[PDB]
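Encoded as structure tokens, the following chain is the form solved without the ligand, with no partner shown.
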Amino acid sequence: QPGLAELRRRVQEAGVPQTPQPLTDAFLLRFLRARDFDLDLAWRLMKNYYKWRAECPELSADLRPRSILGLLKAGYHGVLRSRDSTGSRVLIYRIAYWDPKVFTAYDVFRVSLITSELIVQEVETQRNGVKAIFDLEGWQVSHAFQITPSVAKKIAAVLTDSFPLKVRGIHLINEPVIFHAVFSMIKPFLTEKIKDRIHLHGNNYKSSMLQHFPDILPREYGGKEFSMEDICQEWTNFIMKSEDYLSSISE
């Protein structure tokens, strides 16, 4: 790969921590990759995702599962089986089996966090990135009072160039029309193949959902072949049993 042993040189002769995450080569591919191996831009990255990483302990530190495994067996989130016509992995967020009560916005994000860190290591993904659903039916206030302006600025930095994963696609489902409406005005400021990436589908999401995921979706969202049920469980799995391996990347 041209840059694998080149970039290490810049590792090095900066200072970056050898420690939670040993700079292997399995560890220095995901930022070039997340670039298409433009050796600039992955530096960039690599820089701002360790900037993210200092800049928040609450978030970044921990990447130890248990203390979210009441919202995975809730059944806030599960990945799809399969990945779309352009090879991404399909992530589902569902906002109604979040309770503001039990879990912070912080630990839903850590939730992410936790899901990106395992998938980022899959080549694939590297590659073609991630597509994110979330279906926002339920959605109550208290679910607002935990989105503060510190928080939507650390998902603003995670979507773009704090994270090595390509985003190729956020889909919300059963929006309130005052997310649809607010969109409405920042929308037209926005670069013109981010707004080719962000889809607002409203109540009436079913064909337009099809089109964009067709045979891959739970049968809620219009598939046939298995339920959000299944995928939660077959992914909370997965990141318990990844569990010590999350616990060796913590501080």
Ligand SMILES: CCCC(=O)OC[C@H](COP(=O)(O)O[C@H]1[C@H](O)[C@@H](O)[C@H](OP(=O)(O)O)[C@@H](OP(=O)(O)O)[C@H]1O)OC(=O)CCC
Given for the second form:
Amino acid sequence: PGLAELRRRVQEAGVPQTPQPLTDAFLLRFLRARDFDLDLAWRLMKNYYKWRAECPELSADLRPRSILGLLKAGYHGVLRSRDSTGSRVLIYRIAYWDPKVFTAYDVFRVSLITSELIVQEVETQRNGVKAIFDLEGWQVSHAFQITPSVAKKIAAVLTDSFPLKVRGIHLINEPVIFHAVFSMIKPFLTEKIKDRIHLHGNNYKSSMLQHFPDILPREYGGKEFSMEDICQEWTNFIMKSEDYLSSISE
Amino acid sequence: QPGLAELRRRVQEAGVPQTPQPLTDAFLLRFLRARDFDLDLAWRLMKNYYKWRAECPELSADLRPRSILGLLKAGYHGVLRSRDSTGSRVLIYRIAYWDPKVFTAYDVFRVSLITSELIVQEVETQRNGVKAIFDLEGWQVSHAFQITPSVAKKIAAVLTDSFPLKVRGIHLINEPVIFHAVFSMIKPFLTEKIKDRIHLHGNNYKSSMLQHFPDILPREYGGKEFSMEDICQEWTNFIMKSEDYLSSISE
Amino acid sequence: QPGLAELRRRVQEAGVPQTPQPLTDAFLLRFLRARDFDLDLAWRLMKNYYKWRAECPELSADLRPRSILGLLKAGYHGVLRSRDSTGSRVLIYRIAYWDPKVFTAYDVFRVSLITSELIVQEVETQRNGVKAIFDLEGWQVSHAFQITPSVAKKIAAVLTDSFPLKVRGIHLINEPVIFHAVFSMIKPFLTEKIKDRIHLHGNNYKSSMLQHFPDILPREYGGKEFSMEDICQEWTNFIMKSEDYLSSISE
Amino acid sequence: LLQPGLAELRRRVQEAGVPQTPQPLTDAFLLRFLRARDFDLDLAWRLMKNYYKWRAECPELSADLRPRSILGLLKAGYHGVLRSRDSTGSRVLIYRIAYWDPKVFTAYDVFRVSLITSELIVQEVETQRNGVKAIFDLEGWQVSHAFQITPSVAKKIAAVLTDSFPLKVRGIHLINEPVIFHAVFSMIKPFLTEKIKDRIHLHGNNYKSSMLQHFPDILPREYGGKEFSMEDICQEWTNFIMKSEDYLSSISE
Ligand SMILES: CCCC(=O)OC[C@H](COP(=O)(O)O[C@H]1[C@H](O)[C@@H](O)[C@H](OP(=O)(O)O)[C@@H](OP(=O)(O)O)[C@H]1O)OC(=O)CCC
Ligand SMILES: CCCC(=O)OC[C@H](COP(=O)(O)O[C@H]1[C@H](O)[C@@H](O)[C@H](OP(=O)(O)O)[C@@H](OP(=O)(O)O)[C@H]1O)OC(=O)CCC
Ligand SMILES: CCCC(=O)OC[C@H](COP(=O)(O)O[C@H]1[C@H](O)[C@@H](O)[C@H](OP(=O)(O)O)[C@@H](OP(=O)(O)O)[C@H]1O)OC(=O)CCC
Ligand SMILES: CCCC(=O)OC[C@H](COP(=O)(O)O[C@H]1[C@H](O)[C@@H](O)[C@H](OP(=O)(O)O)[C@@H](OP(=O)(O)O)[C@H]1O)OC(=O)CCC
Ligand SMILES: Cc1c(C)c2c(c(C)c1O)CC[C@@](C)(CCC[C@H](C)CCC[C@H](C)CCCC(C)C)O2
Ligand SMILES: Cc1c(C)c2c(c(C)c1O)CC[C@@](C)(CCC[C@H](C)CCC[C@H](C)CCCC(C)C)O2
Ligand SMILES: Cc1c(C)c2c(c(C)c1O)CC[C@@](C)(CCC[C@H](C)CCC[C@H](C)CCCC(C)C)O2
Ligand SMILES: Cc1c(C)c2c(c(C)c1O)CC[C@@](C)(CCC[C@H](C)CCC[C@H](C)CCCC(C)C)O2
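What's the form solved in complex with the ligand like, now that we've got the form solved without the ligand?
The next block holds the full complex; its first chain is the one shown before.
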């Protein structure tokens, strides 16, 4: 169908054949991220490659060892269950990011690594992801790291530049500023990615439980497992996938 | 009363405007009561009162309520029938009923000036001061445009030892989270004491407010005897009842 | 022309509304000439043009000038009698003669929307593009009042691949410094290209503007031959003589 | 040979019980306050009480005036003073943000540099008579600087300059200010007296000619002069501070 077109276009523009094999599976990432709308999936593919060549410091190296320290510290875990809509749910925790040891680029890379791992799941291509950022422990040094360059790339990676549907961004324990940072974007923003950005603040337990019943760690309201558990499980996973993360590295 | 005879002299010797507010004992006592009969502080307070009055004629000269009656009618302002448990008088201001395409920040300030002028006659109010509740539900970009740096100063100035009323509490409810950032920037410029008297309750104000004002708030805010519409109407009638006294103290 | 036949085909396949603009050979060209005859890019624009037309009915539906005639009469907007050294059409907007008490942002928008549709007809203006000048002297808080976020996105979208005209220059003069503050934050969310084509000459413009548009500016900005007055009458005479054609392309 | 208000000021200082140390209450000292207020006894006394009030509220700024803790900042080229006075006898002080590394130095360290310099120049009768003008070159201004200027620092800055230091502020000139500073300035303008508002100058990126009017013939090459560089006057001032390090100890606690 539109897969027949996509491949042809890919040949024509001389889309880099490496490191990712241009398989049918890989092309359906783009098709699925755009509900099989050919123009749109192709525009995304182009933006994907465009973003990678602009950012070799981020895109070229997906090998996890360089950031093993950050995984071990407890920055990042992925829930064992999908949410009610088939989304994968990812958790990032600022407290467990030493801004002295890891730069914003190192932290970004974590997400890139996780994204590349979860994009292979057909269910995840279909139902996208939801990212939770627990901002407790937010410092001034974290902010320092978030430059215009970095802000811009955070945007693109959710602005038609990576084959994943962002179904929701949840922030908990954000400092007051984030709301100012955000009151000045709410009405500036589209209607689309505005029903998907949730600032829960300090009093987050109840609203978090409404979006993600029966599947959250004890820290955020659940009762089956802890953040430390899912951090280790996702880290074990990421390491069990280091050969694959090399195969798709420059 | 301690210092009334001294203040009487100072007032003459300094040549304080004898009109429009006539220098009755009851008038000079406001200043004494406002500073717990400490003559010096009272005298400093009275000089500040006049200094502000002369630097903001566009605010102090005219206390005739008719210009702002539309605003009162719209349900912007009311005063609770009861005093709080420490004798304070309690004023309620509702932002949602200030239509900033029809009334400026000056019109709104003038409403607080009218109300303050009327309540300071109550000895109990002079003794136990005042508390103001600001309901910021419905706050607009358009309200903010009216709060110029120039208006911010005049607000601050009247509150800085320049009106004969003890400020016992400022309560915000339903404030936009921005109000917290602005607060952080202001805090170091404020005394310890006044900081302890500013409360930002948020959208979940109901139970934290009920601790400061049990039994007296209107139904909208957790009370159960009367409505905001009633106290607005009551206070509106009262301002207009006083329209002549207000004109008599107007330049 | 390379892709002239091809484009119509895609339009016929998508069934793009037959009217109010008839899908003539001349009307399609605009989108090709806008994207240097790039078949894929011409299309995207044309999709986004109709896409933007349906999102903002209250802007794109009516292009009848007579609603804004008084705004034109006031002398808000003018266009140079000559093209620039690159063939761009130069457009001037003077905020001073926009009365936010009489005309809204949607109204002032409509003026630009009318001028644009007229000048895009001209082959050369398609090819070389357009430069805007915003004489922001006389800027008031009641003007920013009208530039809502709801309007800011509608403004930005118009310039964001949603109209068949080449933005070749945005010049701002007599900016209230706060315009530099707003521009700081739009920088990251801007491509390198149009960033260069944006100029903030400030209070000192005469020299910086002269090197961009010599021989062809009006006296107010360092010309000689005519005045803003003249070209506001002429450009007003032109939009009014077009009122018939403007009606045909309305709904 | 009697200075107006001097003998009275001494007695006011005695009735109040003003701290004898670290700064001895010599006539030379009292005169700072008198001259700062054109020999108006009352206002010089208000001023002197304010100086002492602000010192107690900011001991982390006021106690240590020893130069060695901020020597690194001076070596870096942050601060200089012009050899010449301007045409009305003011000492002219130049501060350069670009040479301030906020990783190494806090706003308090920076603030202390001004306090040292101010304490040295106040000893000059001419500077007591004709005040100071200060040029802040904000080229290089970073987010990391911004974050050092908390509301608390903003207040302490405000307070020092509000009737609390015996130096006449005769001009504040900013060059290469980010646009933000104009917004901030618009917000505080109502809070400022007319006389001070007319003494604040934001010159921008194109400062060259505008600054040349206030300070002809006397500026460094970097700002349109011709006789010396900023590097020269930074080093000359560093050395001067360091040769004053003994006096600076004697006015510390
Ligand atoms: C650089 C300028 C800043 C900006 O624009 O931000 C918007 C950005 C991007 O939003 P979007 O990429 O347009 O959102 C996608 C979004 O990424 C994608 O997931 C959506 O698919 P789906 O969730 O509806 O299945 C998809 O739906 P449509 O193509 O409109 O049908 C879009 O809504 O959203 C970001 O998540 C917010 C971070 C600031
Ligand atoms: C941006 C500049 C702000 C500033 O400079 O503070 C000025 C003003 C200060 O209000 P005050 O006049 O100091 O408050 C009086 C306050 O008005 C008065 O009621 C207090 O007496 P009492 O309530 O305890 O009897 C009285 O206590 P003391 O006489 O100082 O012991 C004071 O707290 O505070 C205002 O509430 C500003 C709020 C935005
Ligand atoms: C909410 C999103 C806001 C946004 O980002 O839009 C900004 C827009 C972006 O620039 P552009 O309108 O996409 O620029 C076009 C531009 O519209 C078009 O005229 C240009 O053609 P030409 O003038 O170079 O021949 C064309 O050149 P290229 O095809 O890229 O080589 C493009 O650069 O530039 C605006 O004109 C700036 C106004 C603030
Ligand atoms: C957020 C609130 C900020 C604020 O209020 O600060 C006011 C402060 C007070 O300036 P001052 O200490 O009064 O200034 C002196 C000023 O220090 C002194 O030089 C002036 O004397 P002279 O130089 O003209 O002889 C003297 O003249 P007057 O005797 O008071 O008329 C004053 O202008 O001025 C500061 O320099 C702040 C500048 C940004
Ligand atoms: C494909 C993909 C990537 C690559 C991704 C995310 C998502 C949902 C994706 O689908 C979420 C996070 C992000 C954009 C990287 C975040 C990196 C920074 C350094 C984290 C630290 C601090 C943030 C300022 C905290 C809040 C950010 C949210 C508003 C996104 O990485
Ligand atoms: C004697 C007296 C006056 C005269 C007075 C008040 C009080 C408590 C008094 O005792 C409180 C209000 C104020 C200062 C007038 C404020 C008028 C403004 C324009 C209201 C609109 C919006 C404000 C952003 C609401 C928040 C107010 C607090 C931050 C003070 O007038
Ligand atoms: C096709 C087209 C349109 C339709 C257009 C413009 C250009 C260059 C076009 O090519 C420029 C002006 C604009 C966006 C009209 C703006 C409407 C408002 C009400 C103007 C008033 C004030 C603005 C706050 C000025 C800022 C915008 C400039 C920086 C461009 O309409
Ligand atoms: C006696 C005295 C002191 C003590 C003084 C100054 C002057 C003129 C004095 O006479 C000027 C500077 C100041 C207030 C210290 C400022 C320290 C800050 C941390 C500098 C860095 C950045 C500021 C954002 C620069 C702009 C400030 C000006 C608008 C004053 O210290």
